[PDB]
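Novice: These are the residues of each chain, in order.
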Amino acid sequence: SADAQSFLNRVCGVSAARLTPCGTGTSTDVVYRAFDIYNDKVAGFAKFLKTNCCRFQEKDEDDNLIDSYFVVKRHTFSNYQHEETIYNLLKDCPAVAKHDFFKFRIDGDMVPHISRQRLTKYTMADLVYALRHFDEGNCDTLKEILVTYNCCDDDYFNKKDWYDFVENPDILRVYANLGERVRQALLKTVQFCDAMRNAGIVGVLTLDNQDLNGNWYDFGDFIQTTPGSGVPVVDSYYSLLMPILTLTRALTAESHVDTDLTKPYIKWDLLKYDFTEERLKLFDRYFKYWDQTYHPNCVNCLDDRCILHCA
Amino acid sequence: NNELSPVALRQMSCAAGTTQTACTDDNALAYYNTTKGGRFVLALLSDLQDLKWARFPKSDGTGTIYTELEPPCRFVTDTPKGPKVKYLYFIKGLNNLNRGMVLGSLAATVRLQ
Amino acid sequence: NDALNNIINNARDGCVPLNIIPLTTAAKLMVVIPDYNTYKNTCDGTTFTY
RNA sequence: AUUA
Ligand SMILES: Nc1nc2c(ncn2[C@@H]2O[C@H](COP(=O)(O)OP(=O)(O)NP(=O)(O)O)[C@@H](O)[C@H]2O)c(=O)[nH]1
Ligand SMILES: [Zn+2]
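Chains as they are written, first to last, in UniProt numbering: chain X, 4393 to 4703; chain C, 4141 to 4253; chain G, 4042 to 4091.
FYI, nobody ran anything at the bench for these hints, they're computed from the structure. Hints may be right or wrong, so weigh each one.
Across the chosen pairs, the derived CB separations fall in these ranges [unchecked claim]:
id	chain 1	residue 1	chain 2	residue 2	range
1	X	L4441	C	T4158	53 to 59 Å
2	G	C4056	C	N4141	53 to 59 Å
3	X	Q4473	C	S4153	34 to 40 Å
4	C	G4178	X	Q4473	38 to 44 Å
5	X	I4563	G	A4044	40 to 46 Å
6	X	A4394	C	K4221	50 to 56 Å
7	C	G4178	X	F4549	56 to 62 Å
8	X	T4644	C	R4179	49 to 55 Å
9	X	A4394	C	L4169	57 to 63 Å
Ideal Cβ placement from N, Cα and C applies to all residues, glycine included.
Can you make the complete structure from the sequences, with help from the hints?
Specialist: Below, the structure is given as structure tokens:
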């Protein structure tokens, strides 16, 4: 009675909101996902069990499910105000998911909810964990991710040794279909860092706060400072994401005329061999807030650790 | 949960100048950290308005480094005193995580504006 | 020593990669063909472009 | 995350 069919149209926003519950009523949903934790008593990069979330998938004209979810969570009252303030400071960035703060009663009391709109099913941390902890006995997440983004079809896995690199070298072409998604995620990350610096917000960026479309959320561990003096910490993010940048060949679009995958290739003259400025431009475009000096020529390095870092 | 340095740090004391040996007695709330290998300062605060130099004494005394600073930032503080203004500095080359640490601790333990 | 000199002088300091010297100054070309399908796509006819 |  009410509740489920009233919470549904309260989560339902003002745009189109053709929603369907993910097998729940007014209660939360439990999933098994990967996180990156550091909270003074636990640390690591493992798969924990999420507990406090209600998810509503979205439909469209022909009443078939689509890759869009409304994730609404409940928590205390102080985090409500803190997240609302930070989002109000950060809402104008085009790389931040659209939040919605409301209050709804489950009993005689009224509890607050925070709803995020149009997220994907999996985050970037899920993809990184799936590719860095491969096990052919159970790889359902990787297969689902590959088939939901038109990298292959469901009958591609009926083959045996479909994952091998020596046998079936076509898996490289299959993997190289996520590079554009990764590149757009990198660009949106740079945009988010610029917005955080301009707004005066201090926080650490993790892989599980970004979905596979590039949008950011979860400002629950941030603080506030004077405008223009913000500082993001992006060590673990880039360091963990680095091995995936070459498997998927994310920088293929940089060999075309206007960084567009539909135009012909760039025609360099055969007599050019320096390329010392292009490397700096690429570093400034994709790794702007990585704070450690980068030497395009390793003859200027200070020791072997710097040589490794720049190579 | 990825927090920015739960266990905090302790202390702020000593000196500063603008041209090498201009550090006379004490012109800095040189802030934080006594690491496990020795005293290694992180943040510098200045009730003054323009400084490029400082000199923190440590251990041997003979070894006290003439630190190169960086262009400052300014803010006003919500102290019980009332109107109080400093000009913020960090030791040059301080990586992002350390500045985040000191800024978070300063903002979350003591009140500022 | 005329084509080599012609491409050396175009360099801005006299240095050029070694991999483009045979590509722009050689007089003879040798092609090794595995099968006929590859042959009809590379050197079909009497003159080809490469 | 298992602090909601
Ligand atoms: N993108 C997405 N994530 C989901 C969905 N369902 C569950 N999740 C999981 O729910 C988690 C949301 O946690 P959230 O509190 O927003 O961020 P957080 O990383 O836990 N940090 P904190 O709340 O302390 O600031 C994500 O890590 C994600 O893996 C979904 O449909 N889409
Ligand atoms: Zn180097």
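Novice: Each hint should be assessed against the structure and marked as holding or not.
Specialist: Do the hints match the structure? See the list:
1. Taking 53 to 59 Å as the suggested C-beta distance range, the pair X:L4441 and C:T4158 conforms, at roughly 57 Å.
2. Here the CB-CB span from G:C4056 to C:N4141 is close to 55 Å, well matched to the stated 53 to 59 Å.
3. For X:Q4473 and C:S4153, the hinted distance range of 34 to 40 Å is satisfied, since their beta carbons lie about 36 Å from each other.
4. Between C:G4178 and X:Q4473 the Cβ separation comes to about 42 Å, which falls inside the hinted range of 38 to 44 Å.
5. Between X:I4563 and G:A4044 the beta carbons are some 45 Å apart, a value that agrees with the proposed interval 40 to 46 Å.
6. A beta carbon spacing of about 55 Å between X:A4394 and C:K4221 agrees with the range 50 to 56 Å that was offered as a hint.
7. Separated by about 57 Å at the C-beta atoms, C:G4178 and X:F4549 satisfy the suggested range of 56 to 62 Å.
8. Restraint check, X:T4644 to C:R4179: a C-beta distance of roughly 50 Å satisfies the suggested window 49 to 55 Å.
9. Taking the beta carbon of each, X:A4394 and C:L4169 are about 58 Å apart, inside 57 to 63 Å as hinted.
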